[PDB]
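Participant: Here are the chains, one letter per residue:
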Amino acid sequence: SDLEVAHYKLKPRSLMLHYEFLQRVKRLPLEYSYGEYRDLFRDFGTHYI
Amino acid sequence: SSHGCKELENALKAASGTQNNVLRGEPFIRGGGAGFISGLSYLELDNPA
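Chains as they are written, first to last, in the entry's author numbering: chain D, 243 to 291; chain C, 349 to 397.
No lab work stands behind these hints: they were computed from the structure.
Note that beta-carbon positions come from the ideal geometry of N, C-alpha and C, so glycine has one too.
Among these hints, one or two may not hold up.
Claimed, not checked - Pairwise CB distance ranges, derived in the manner of DEER restraints: (1) C/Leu388 <-> D/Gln265: 14 to 24 Å; (2) C/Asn369 <-> D/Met258: 34 to 44 Å; (3) D/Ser275 <-> C/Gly383: 48 to 58 Å; (4) C/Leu371 <-> D/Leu245: 14 to 24 Å; (5) D/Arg269 <-> C/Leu371: 17 to 27 Å; (6) C/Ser386 <-> D/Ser275: 17 to 27 Å; (7) D/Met258 <-> C/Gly381: 39 to 49 Å; (8) D/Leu270 <-> C/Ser389: 43 to 53 Å; (9) D/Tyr261 <-> C/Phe376: 37 to 47 Å; (10) D/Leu272 <-> C/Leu391: 34 to 44 Å.
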């Protein structure tokens, strides 16, 4: 049984981020060092819906 | 006086039988209440309507 109940779409533009994600981004190093972006993905993952 | 008899019997039975019984069904609904959709789309094999 495949049941579908609602269709959701995010707006394409000018999204208001969550505080926590905002700040974690704010703390990302400007020089590349994989460990921090790794921790970022492990906290928040890689993609949004 | 002398006597001889020989007696021989051979009997063979072979039997076989098979069934294939396939049943398929795909009720499909658009619109209405999700509970009514799921309840009605669920295939009552005794009453497919």
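Participant: Confirm or reject each hint.
Facilitator: Status of each hint after checking the structure:
C/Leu388 and D/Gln265 have their C-beta atoms about 49 Å apart, which leaves the hinted 14 to 24 Å range violated. About 58 Å separates the C-beta atoms of C/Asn369 and D/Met258, a value inconsistent with the hinted range of 34 to 44 Å. A hinted range of 48 to 58 Å holds for the C-beta pair D/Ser275 and C/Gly383, which are about 52 Å apart. The given range of 14 to 24 Å is respected by C/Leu371 and D/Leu245, whose C-beta atoms sit roughly 22 Å from each other.
Under the hint 17 to 27 Å, the C-beta atoms of D/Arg269 and C/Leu371, about 60 Å apart, miss the expected range. Taking 17 to 27 Å as the suggested C-beta distance range, the pair C/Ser386 and D/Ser275 does not conform, at roughly 50 Å. The beta-carbon spacing between D/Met258 and C/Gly381, approximately 33 Å, falls outside the hinted interval of 39 to 49 Å. Checked against the hint of 43 to 53 Å, the C-beta distance between D/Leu270 and C/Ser389 comes to roughly 48 Å, which is consistent with it.
Between D/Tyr261 and C/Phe376 the C-beta distance comes to about 44 Å, which sits within the given range of 37 to 47 Å. Remark: the range hint 34 to 44 Å for D/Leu272 to C/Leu391 is contradicted by a beta-carbon distance near 60 Å.
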